[PDB]
Amino acid sequence: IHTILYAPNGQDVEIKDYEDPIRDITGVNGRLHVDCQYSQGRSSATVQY
Amino acid sequence: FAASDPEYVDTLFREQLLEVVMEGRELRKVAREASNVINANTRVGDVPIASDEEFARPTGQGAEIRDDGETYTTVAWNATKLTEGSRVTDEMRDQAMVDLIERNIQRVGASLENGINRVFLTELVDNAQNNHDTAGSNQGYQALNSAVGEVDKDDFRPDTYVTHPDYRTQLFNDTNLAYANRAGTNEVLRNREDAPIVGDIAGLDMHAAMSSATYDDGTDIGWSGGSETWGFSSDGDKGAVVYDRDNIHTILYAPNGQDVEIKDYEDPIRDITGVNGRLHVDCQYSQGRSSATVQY
Amino acid sequence: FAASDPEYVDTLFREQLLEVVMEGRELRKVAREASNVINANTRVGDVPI
Amino acid sequence: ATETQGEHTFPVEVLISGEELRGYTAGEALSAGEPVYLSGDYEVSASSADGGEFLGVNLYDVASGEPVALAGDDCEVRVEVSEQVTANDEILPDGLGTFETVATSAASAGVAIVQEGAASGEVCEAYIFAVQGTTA
Amino acid sequence: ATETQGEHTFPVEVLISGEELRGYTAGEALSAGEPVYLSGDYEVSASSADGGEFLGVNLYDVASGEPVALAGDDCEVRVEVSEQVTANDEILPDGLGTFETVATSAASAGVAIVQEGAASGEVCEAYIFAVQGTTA
Ligand SMILES: [K+]
Ligand SMILES: [Mg+2]
Ligand SMILES: [Mg+2]
Ligand SMILES: [Mg+2]
Ligand SMILES: [Mg+2]
Ligand SMILES: [Mg+2]
Ligand SMILES: [Mg+2]
Ligand SMILES: [Mg+2]
Ligand SMILES: [Mg+2]
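Protein chains in written order, with the deposited numbering: chain AA, 348 to 396; chain AG, 101 to 396; chain AF, 101 to 149; chain AJ, 2 to 137; chain AI, 2 to 137.
Label-pair distances were calculated between CB atoms; the ranges are: (1) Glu4/AI x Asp320/AG: 52 to 58 Å; (2) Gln395/AA x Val147/AF: 47 to 53 Å; (3) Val360/AA x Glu14/AI: 20 to 26 Å; (4) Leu117/AG x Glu123/AI: 48 to 54 Å; (5) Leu127/AF x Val360/AA: 37 to 43 Å; (6) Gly325/AG x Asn89/AJ: 16 to 22 Å; (7) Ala131/AF x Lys363/AA: 56 to 62 Å; (8) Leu97/AI x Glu115/AF: 50 to 56 Å; (9) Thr3/AJ x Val375/AA: 38 to 44 Å.
Below, simulated SDA-like cross-link-like pairs (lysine to any residue); rule was C-alpha separation at most 25 Å, straight line: (10) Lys363/AA x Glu20/AI; (11) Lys363/AA x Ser18/AJ; (12) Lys363/AA x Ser186/AG.
Beyond 10 Å from chain AJ on every Cβ pair, some chain AF residues (computed): (13) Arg114; (14) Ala140; (15) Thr142; (16) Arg143; (17) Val144; (18) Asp146; (19) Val147; (20) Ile149.
These are calculated hints, taken from the structure and not from any lab test. We treat Cβ as the ideally placed atom computed from N, Cα and C, and that holds for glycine.
Next comes chain AA alone, as it looks inside the complex:
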């Protein structure tokens, strides 16, 4: 099972801080691109009630 992480500016979660000097606000924002995918779905079993 593969967790696929895409980051434009690095490896992982990008946290960008911005300063608005017109309003005196600091922004903190974060981004990641994520998918998840099996290479072999036969390598897993769900347990069902």
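Position chains AG, AF, AJ and AI with the ligands relative to chain AA; hints supplied.
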């Protein structure tokens, strides 16, 4: 069968995407060679113009040397800001095989240069004091000859011709002129090395071959239009300008440095990178009687 | 709109293909441990009973 | 919208200027330059005619259920028109993935203003100034 | 406007997105998420019903005479409603510190578009797109 690329074309490898992006239609960049370039300190200004030269006076011995001093006037420049931008997402900037920022820097640069060329060509065509009307006859060489004739008749030395694609079809219809520098002098010096030495025509040492699209007909977005029709297809179309390149001035203003300014921005709220370009440009004849247009 | 992935997914870049090929089903290999192994001198031979 | 340059077709850049770029989910398949309205909670679908259905223009092609970006008001945009538009014409969605003039629609006010005129089926340059929703 | 997480009630963050944040003076005591209009020179009071009285929404609690931050048009906001709103409903001030639909009000055009629907007394998510002053 076995294992071949037609089966696994997306499975075991990717089709190549070439790291080089091939160009669109490129319009002919001439203005920097085809005019005198002024790096202005100010967006608005004026260039001093001197009075025409006269002749010294037959004078007696011990007689007063008389005054005919240089009298002066001026032509104004008012440099218009030409701008182009491009935006790219961070995801797009990262994923591209091509350097997308470098390309956008090229596109912006190219688009600004086309702007300079538009300003130049519009000024050159609109404000030429002389004109050879062909009246639908003797077009091509007799017209170029007559247009040199008009500049020279008014005691200016033409050294350059700017030409439309249709005029370049009427000129060079003669097999005598086949060895001429039809490509443009700037094209041969930019995009070749071994220039054919013979190629100069009518004592004009520059051919500034220019594009159909370059003149300001006001049909383009944000452009207001010039007085003439750039072409060689209907009565009244200006197909060429014969002139002195030292008597038309391209005035370039930039607040930072001397030439095109590229700025970039990162938007962290939207994850967009922008590239912006700017230059301020005017074009002015110092003497417009140094130039003749060829009219269909 | 500006340049973006969904517009230029197959014109400015290629979708990644992973450098590692992921393995299929591995069958259990036990016969050599699970039996008497004869490294025979001949392709045909007899065992006395 | 698309641009023919010889043998080539190019995508038209929907966004001329502005930063009113906002995230929604596509309620149907949407194409770049298409006008849209809210069909559900943060879910957007293609606008119908005669107003009351406009939030912005779709920035890039999306399938149903995918995250979409829209240009909203205070964006200048490149958009396709179903009729001749001159400068200063107010425009709103035609219901055909394109825009029409307020003058042609049954609506009395628009959502964008034409800055650069265009013929039928061609790209105008317009400024988005309003959103339109359900008034009863 | 307030949010529940177990036994706890939390103050709702009025601003989802936008930068149209502007300084006024309070003409009266105002609460967060309250719709407001100009009552004097750079001075804002809480809106009455039926339109003509909207500049934005108040971003934090102020006493009378204090400096207010206002979210104008171009802001996505969490706002309280007096009735059921669906997405794509136009809303305007109710007169009760809340928003109501254009459909319910005696007015015919709104000031925000509902992006996420809500029941009566709950918090919708809206985009402010218009201002209403006096027209006589
Ligand atoms: K606005
Ligand atoms: Mg004397
Ligand atoms: Mg004199
Ligand atoms: Mg002056
Ligand atoms: Mg003359
Ligand atoms: Mg004539
Ligand atoms: Mg011969
Ligand atoms: Mg045997
Ligand atoms: Mg915004």
